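To begin, one chain is listed below as structure tokens, in the form deposited without ligand ATP.
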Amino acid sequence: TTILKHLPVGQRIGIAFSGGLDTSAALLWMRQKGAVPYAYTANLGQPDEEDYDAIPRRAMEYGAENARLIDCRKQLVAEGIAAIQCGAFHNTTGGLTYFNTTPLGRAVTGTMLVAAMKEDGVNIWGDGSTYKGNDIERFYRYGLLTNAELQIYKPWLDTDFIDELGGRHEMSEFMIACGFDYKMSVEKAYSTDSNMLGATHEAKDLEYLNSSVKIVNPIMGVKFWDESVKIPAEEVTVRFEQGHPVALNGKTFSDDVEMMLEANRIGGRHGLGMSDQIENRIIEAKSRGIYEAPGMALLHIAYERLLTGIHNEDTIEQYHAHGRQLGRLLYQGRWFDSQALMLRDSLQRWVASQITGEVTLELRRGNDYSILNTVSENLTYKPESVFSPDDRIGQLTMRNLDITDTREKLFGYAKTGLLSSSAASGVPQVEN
């Protein structure tokens, strides 16, 4: 089968070693039960990571046959920018958007780490995602897409493993019993997946709808909800060239990673982009999360403001429709499937290519901001004798036949009982 239920003794197993008790304990346990574990750590520019080079060394200290750090920042930012160009975000609440940052991280991580293992002749994969979430399926799909011969082994789902190593306490004691003066970190009231595009918090106390953003200590921005933290209003300019974010506050960057890093700083000072979403997981059961994505939010606002001053209505409607559909595919782990690529490619080529301009905003607290200026050499919006009042009288008169058709429909609907009353005496009323 594709998924190995129990430890493949004697075989090389590649595991996404993010570091931390779960992956650390798994390395020792696998190495202990007879498997040859290889560690691969993705450099995703995590806002809460300050020493990536130390991670592969810890894997080696714990028995890894070999350990590698795969830099995925360039690809992550490129896909994040593509997501921005396509408005590929489907989970919204009252307009506030989740920027699908974890889904983007998985697309890049799942393909690059598996490709890297491919290089080292490692054909068995394993990551710590649970059998209850979306990530296990995202990694599964991206991995198999990259390596047709891939097999999956998740010690965390192996009954043998769980029997021995139940929870965090058993695992930390396991580290100690294995000869390592291990000291487990302080446990938060929620779990977090983070990368340069965003941080997603959920589980534990965030599973209760009565818990709010107040129990969260943001890692990409400030506590804007705390009236005691001072946040001075700030002006920022975002400029695009053919849809590509090239300048922030008039400054260009040597690469897009530095640009995103700066967009994150600007947005973070204000807590821009944070939202609270209840969403539908791939397995059709709901999950609740609190999300951060300051840089993505900043670019999203500027990009759409320009879009509204540049494209026609049919094109904007298609951008919203295709973007929402693509956002869902991205969330499902299908970002590289034909149905996704066709929408992504289309929006990048025909919509984003014309987004050249600059937007000036004043950021205050959280999602409270104002648009101060909008400029573009491609605007179709023009403050300024192409048509006359009489031309409009003609255009209005052309509507008469269809208006009559609708009036007759309203009469018909009232007749068959659908409407309480038509437009004859006022506002049509749908029978209740």
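The term rigid core refers to the maximal set of C-alpha atoms that superpose within 1.5 Å between the two forms. Numbering follows the first chain given and starts at 1. Residues that one form lacks are left out of the comparison. Compared with the form solved in complex with ligand ATP:
With the rigid core aligned between the two forms, only one of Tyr190, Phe253, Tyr182, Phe224 has a CA shift of 2 Å or more: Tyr182.
The rigid-core fit between the two forms yields exactly one 3+ residue run with every Cα displaced by 2 Å or more: 181-185.
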Second form
Protein chains: 4
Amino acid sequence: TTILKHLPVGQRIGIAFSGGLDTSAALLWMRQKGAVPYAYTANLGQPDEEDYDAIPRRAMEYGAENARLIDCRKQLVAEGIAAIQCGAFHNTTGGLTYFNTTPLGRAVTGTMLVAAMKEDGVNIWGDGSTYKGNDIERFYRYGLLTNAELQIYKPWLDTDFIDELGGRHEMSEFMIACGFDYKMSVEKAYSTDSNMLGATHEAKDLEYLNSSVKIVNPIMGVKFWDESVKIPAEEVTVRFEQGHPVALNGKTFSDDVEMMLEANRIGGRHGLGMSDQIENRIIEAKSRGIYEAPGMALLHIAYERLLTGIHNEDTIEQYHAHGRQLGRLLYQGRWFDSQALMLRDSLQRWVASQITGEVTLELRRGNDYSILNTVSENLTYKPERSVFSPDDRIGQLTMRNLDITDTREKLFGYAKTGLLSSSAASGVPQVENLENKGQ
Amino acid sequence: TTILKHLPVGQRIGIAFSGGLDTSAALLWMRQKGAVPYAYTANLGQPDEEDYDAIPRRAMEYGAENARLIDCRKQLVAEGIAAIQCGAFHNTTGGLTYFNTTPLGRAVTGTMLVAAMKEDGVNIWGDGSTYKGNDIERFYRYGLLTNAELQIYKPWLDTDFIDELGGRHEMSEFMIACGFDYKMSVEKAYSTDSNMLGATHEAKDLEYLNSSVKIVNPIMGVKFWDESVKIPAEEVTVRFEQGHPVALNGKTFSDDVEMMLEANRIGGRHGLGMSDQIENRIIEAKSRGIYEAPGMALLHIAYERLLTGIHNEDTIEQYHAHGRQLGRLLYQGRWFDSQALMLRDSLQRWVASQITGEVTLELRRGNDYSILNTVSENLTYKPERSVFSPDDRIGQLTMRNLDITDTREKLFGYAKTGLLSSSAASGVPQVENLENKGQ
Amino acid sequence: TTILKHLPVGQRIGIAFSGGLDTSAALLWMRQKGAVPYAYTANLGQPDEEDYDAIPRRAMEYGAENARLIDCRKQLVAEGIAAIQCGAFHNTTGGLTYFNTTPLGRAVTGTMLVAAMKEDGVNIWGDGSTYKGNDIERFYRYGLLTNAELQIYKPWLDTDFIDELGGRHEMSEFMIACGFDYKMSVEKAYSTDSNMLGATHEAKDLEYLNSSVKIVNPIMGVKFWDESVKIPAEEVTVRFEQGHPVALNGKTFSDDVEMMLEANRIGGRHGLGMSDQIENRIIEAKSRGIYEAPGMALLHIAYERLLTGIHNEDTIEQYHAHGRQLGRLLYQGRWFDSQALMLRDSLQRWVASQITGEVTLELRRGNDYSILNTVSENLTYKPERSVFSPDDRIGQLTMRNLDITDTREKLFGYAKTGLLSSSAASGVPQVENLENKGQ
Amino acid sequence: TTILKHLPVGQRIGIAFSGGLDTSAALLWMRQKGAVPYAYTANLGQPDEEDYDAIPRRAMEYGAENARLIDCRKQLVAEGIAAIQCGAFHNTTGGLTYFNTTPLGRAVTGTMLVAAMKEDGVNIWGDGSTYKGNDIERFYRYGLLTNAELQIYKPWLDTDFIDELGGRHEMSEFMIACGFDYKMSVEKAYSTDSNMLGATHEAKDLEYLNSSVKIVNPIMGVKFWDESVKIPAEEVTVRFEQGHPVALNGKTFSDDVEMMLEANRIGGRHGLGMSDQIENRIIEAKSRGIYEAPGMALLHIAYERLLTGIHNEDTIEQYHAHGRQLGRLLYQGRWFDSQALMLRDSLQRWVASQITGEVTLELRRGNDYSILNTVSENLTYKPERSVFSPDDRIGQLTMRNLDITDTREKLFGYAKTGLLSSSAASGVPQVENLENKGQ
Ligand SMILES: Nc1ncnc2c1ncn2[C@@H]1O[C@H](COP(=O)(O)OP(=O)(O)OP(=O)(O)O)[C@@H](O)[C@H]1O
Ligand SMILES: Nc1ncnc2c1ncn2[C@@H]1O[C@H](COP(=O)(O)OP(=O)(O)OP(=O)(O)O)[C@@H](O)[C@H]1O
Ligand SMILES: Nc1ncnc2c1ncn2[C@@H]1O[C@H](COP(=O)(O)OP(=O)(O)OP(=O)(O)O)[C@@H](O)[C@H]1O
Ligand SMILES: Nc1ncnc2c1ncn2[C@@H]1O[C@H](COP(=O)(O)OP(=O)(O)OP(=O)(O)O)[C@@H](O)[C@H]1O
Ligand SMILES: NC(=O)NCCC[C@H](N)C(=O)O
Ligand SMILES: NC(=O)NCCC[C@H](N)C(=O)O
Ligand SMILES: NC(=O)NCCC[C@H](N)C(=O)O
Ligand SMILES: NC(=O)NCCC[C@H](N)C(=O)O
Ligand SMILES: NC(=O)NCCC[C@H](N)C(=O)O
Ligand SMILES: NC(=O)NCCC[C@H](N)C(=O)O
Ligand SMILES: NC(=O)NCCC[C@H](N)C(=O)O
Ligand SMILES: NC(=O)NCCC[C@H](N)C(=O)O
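Given the form deposited without ligand ATP above, what does the protein look like in the form solved in complex with ligand ATP?
Every chain and every other molecule in the complex is listed next, the one we just looked at coming first.
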């Protein structure tokens, strides 16, 4: 079968190695119990990441047969840009959105790392994701899509691992007993996943709905909720050329990675894009997270402002509906499934291709900003857009008569069958349901 | 025919009378040219409205045969609450939404005023909406839905009116020549429509995309963009019972109108809910508006936060999709059409009925706020929600294999037909379209 | 845990007993190995069902502690009618649809049988569905929805059962060894599931795409594909009152069960509604089935013909879109989930409530029929429906100019960015994709 | 303005000339009153069309300054194929669909004829469509999309035309008085529009819902409802290669026009695809039509059978939903608008590109046929598709528990708020609405 319930002693095993305590201990344990682990680390432009070069070294020190560092930034940013172009975000609360940053990270990490392993000829793959979350499944699909022959081994799916190093304490103590002094004395009030597109905070104290963004130490921006933190208003311009972000505050860039890093700094100085979401997982249940994605948020606002001045109503509606559906597929680890590709490609080609122009914003604190100017050769919006006469409007209005008549007829029918208390004849038609009541 | 192209001399004519220069002059002119005008004014809880009682008096002074003041606040608020329960808003830019406040006002005004006129037996109806906008059509549909026998007369559809009193200057001069000293010396940088649910600002200087919220003097809140305006952070609680807003900051209310007035004050102190939208009209073209809806915004945020912790993914998705569609129908003057009623009723019954709970927010400036607590007997979200084992997850994952296999097969097929440069085998599948490029 | 991997020796176990070899052997085996099985059989109006009264008797003979026969026909038909009113069907090929008859049967069977067991105080539940199909999951959800305390035991989930009585031969031989002479000498070219709403045929020879309806012996109708079978044309009338089917060929009925039985006879004489579908299961993979549902098909055609003459475009579109989504949820065993109830209730209230009228058809062979008359007090369709003038049309057309202009502009932009070879200026705009080619 | 209310005496005027009495008389009248008419006729492969070469001759005889015959068959068939690939059909009744054949004809006719006129430098355009239908608007949009400078003149928009030649009798008498003996002694029981993709029949006696297909003399097939007409069963094969129809009954073709002509003959011998629809027009009201499209129907059935065996559930669902929306836009004369192109292109690229294979059918009378075989290198369907174990299924089922629990909770809540009479605890949950009742 594909999933190996227990350590395949003597076999080469590849593992997505982040350098954290989970994968550090798992690799040492895997080597200790007889397997031949290979470490694969992805450079994802993690905001707080000290030195990526060191991660492969610790893997070697802990027993990796070989350890590679794969740069995934170009690909991550390209997918992030695609997400922006498609409005591929679905978890929203009052207008604040989660920019699907971890899902984007897994789509690029889960495929590129497995591709890299093909050069080492290793055919057993795994990671350190818990068996209770979304990530173990995202990696699972992405990996098997990239390598069909792949077999799967994950410490959190092996009862022999969980019983021995199940707790963080057991993992620290294991490192110790193996001759390695690890440094995890610190246990925050939440766990953090991050990459160049954003940072996600959840678990521990964030599991409680009475906790708030106040306990979070943002790593991509400032604590805008802290009135003692100085944040001067800032004017910023964002310019797109055929759906592609090409300039921020008049500056252009050598590549998209640099552009995104700058979008992050700009939004970061204000705390732009931070949100608190209760969301539905891929599996049963719900989870709660607090997210950061300053650059994605900045690009998203400008892109949509331009979209509203360039495309027609039906096209804008498809962008919203298709974008939300795509956002869900991305979240489920299905970013490359046929239904996702179809929506993504269609939005990139017919919507994003016309998004050329520049938007000027004034950023203050958090999600408080104002739009100061919107410019584009492709606007269909025109001031004071003469074109038709009052007689023309008389004609148009008159041709609504039969539709109005039919609707009036339906109101009468709904009133008769009890769905409306009173039709339109006596004023406001009243829908007959529990919500039709005051306080 | 239904629409009378010219003044029906000698006939009773009802007119939606707001007291502005347009309807003041139109009624005087209608009486002057031989018609018998009746004025009907709606009390919509207009924020800046001096004294509604005076409007019917001026109508009488200008020639109205009779003048009535109809209170439409209870109905307006009830529809506003329904809108909140259904997320019936569709014009959004980066998460900021227009709360369809004018459309809600017209649905209640256009039906109630025509119903009232039935007591006076007047069968010719009109208003002072321009022939180039959305409102002339909203009033048209709502009126004909309420009274089938209705004939229609609108000064802005009568070439004899426009040629004589077409300009604001011609209207002031007309009042003057008729013995009335009007007071419109002031001509703002934009026009304003408002009611208890919100205020809309457009036209004139707002027609230009380089104008901003900075030229607007908000009438439902403060100028949060003005760093010189003091706005202390404020903690607020919003509580719902079966989809109905029943308490703000622990206070309950005698009726919904009072509740809404308080929601407005709370959001108003911060400038919550203000947005700048470029939108598609009912007819051809686009328009640009800057909107206020502090109470609607406050209720909307709390309602959706609760929704995310109470309902499942598919239900939340229907709320978004059906709400957006309903928002469009509301905007088009179709709030009581069968397709609208079906979506509204279904969301009120199955979604709103379970929205019971309380949300605590910390409001700062504009749309910058934080969520501090979310509580509800109906939450399906539970901290640390054991329930399944790693072996169970092995089973679940394994049963995805054939779907992954099929998707892998499609990637190969798309690569072969040229839609993807490279499948998943070599890393990240690359979609073949213009957007797949850097800067 | 909820699912017991092995026989709970000594415990009361309820089982959905159909009387087939699977459940006959499973109950005998369960009793033989020490459990205390209780049989629960549902009367579903199975077309070919000999005598339902005998099924509980054989259960007793094989070892059941107690055996009950629950009549589920009224409920089955009521849900079938709801399905018709909502167009809750999603598996279609060229217009021919699967009427979700097994899914409807499981929704009523899985809830009613578990409810019945509550009177016997039995808290372990199961059925004889294979672990590779949809039904084991439909029963699972429906059962747990009805009884939260329920524990689950299913022979096809017990490795101790499958290894002993895995094959049909092993089951026959087991009956024999236990002193019972069963009669299953016959093994068709496919398996059959049926109830009063329809019959489904799949597995065995139907697994092959080169097999056809030709190997099926229909149990609810005739072999219309057999030119040697005489099938005279027949005129039939179907009449609805507020969405409810109340008369067939002028005859009314004492209850819906009788009405459905007659719809079945009428459609049955022609083979109406039979289809061949390749469909996606709840889990991974696809299956192939050949279906019968003569009465459902007859009611479905008349209902939709009426719908098209009574409701407006947007309402009809919601019926199609919401009906398809509901059809999928019904198929997945989610007929009572909140997202399903919302769609079902909304369609019953706003669409079905107005479906009053009568349709006359001429039925020939299979799906070949003609519509001969459509009548309804609620039609909005009117012959030769004067109402507007050519001048009015000039106005309406003129007001499309700006939208046409904007679209023309987009064509130019798509041509420039390479999406169209040539805009509209040179004739037919050419979309740039692989499909734009001849043979 | 764009639309000229009266004959532009002395100016060159182009007119879509079909050769019927309407355009024959209009061109003679236009020339007689002083305009300089140019005739443009489209070769659309009309089934009953005698000799297209003669149409330009009669135009010349009646006064045309110049008369051209433009071949539009290749383009018409290419768009028809695109429609099939996208399932761009929306008017359906019980599974029978209108294949949008007139809308496809107008999209190609309205653009190509106007493009052709650019060579003659004529800038006034029109046609003979009535001011009360869909076509006058389809031609209007398509024409203005192709030529922005275009001015519009249509006899049915000119009160001076309608008053003089309003009736068919007045038109015959006009020809006569001008020295031309026309031949329209025959006035059928309905009017007919047709092209190579299909024939539409409406108006006159078809306006009555008690008329039926029985009064129609089909021009693309036989009277399958007439039991006296011999129609032997026929086996047919349809083969696609990358979404393109390439062989019928083993025969390939030099071009698509020939392929379509053959599809028509095959379906024609059986009357395949004929339907009776009540539909909503672009404007207010409904109309009734009886349609023929034998080849389109044949290709449509095979294409969808293949689609069901090749693509996954979500992709198939998008094909249905996007296809229906596209069908509506096509019907509205918006086949080249951005929202249409986006849906069409996305379906052609990601769905149609994989549709490779062959389907064998047995055609009998009308829409009575059977599927005999389905073959494809791209099928994801596999007979007897081992892959997972009962233990794996135990895991999968177990992971549904929390979702079931949440749904059970909602049932309890809906029961409490009165939406359900009884939850699931007592059997079948009962939705509280008018439809929950028997006969
Ligand atoms: N940069 C990276 N390169 C490779 N794999 C990574 C990277 N970041 C995360 N992963 C993989 O994703 C898994 C889930 O990420 P997460 O940050 O939640 O890890 P974790 O379970 O806390 O483990 P650790 O304590 O080792 O970080 C990790 O166990 C690891 O296998
Ligand atoms: N409170 C109200 N009661 C009745 N009718 C109203 C009310 N508010 C607005 N209307 C109607 O709606 C029309 C459009 O509103 P809007 O505020 O844009 O008016 P307007 O065209 O500027 O006219 P005026 O200058 O008279 O306000 C008004 O002409 C009037 O007929
Ligand atoms: N009328 C019924 N009453 C109760 N349970 C039923 C009924 N019909 C079917 N079932 C249940 O549904 C399961 C699946 O139905 P299906 O007809 O496929 O059965 P099966 O696996 O072939 O078993 P059998 O050989 O016993 O019919 C059956 O095993 C049985 O538990
Ligand atoms: N083959 C064609 N070539 C050019 N224009 C055409 C063609 N077929 C139809 N039309 C145009 O479409 C209009 C509407 O088509 P329809 O067949 O309904 O015509 P009609 O109004 O009955 O006129 P006629 O009596 O001249 O056919 C025609 O008046 C004509 O202008
Ligand atoms: N260890 C992990 O990487 N966790 C799996 C991702 C799931 C995510 N934390 C969630 O439950 O929302
Ligand atoms: N583990 C984390 O802290 N975050 C990773 C998952 C975040 C988010 N719920 C997601 O699944 O995308
Ligand atoms: N006079 C009015 O009331 N104007 C019509 C409403 C239309 C709105 N101002 C718009 O054009 O967006
Ligand atoms: N005239 C205004 O200032 N506002 C009224 C219309 C506002 C908004 N565009 C609407 O149509 O609802
Ligand atoms: N034994 C069964 O009842 N089978 C489970 C239902 C699944 C259905 N036969 C299918 O696989 O399509
Ligand atoms: N087992 C059968 O013969 N039919 C039952 C399932 C039929 C259909 N595929 C369904 O799952 O509803
Ligand atoms: N003369 C025409 O070509 N008629 C306009 C097309 C409209 C179509 N007959 C309809 O009303 O459905
Ligand atoms: N005029 C006809 O006989 N048919 C042309 C229109 C047919 C169909 N209602 C359509 O508008 O496409």
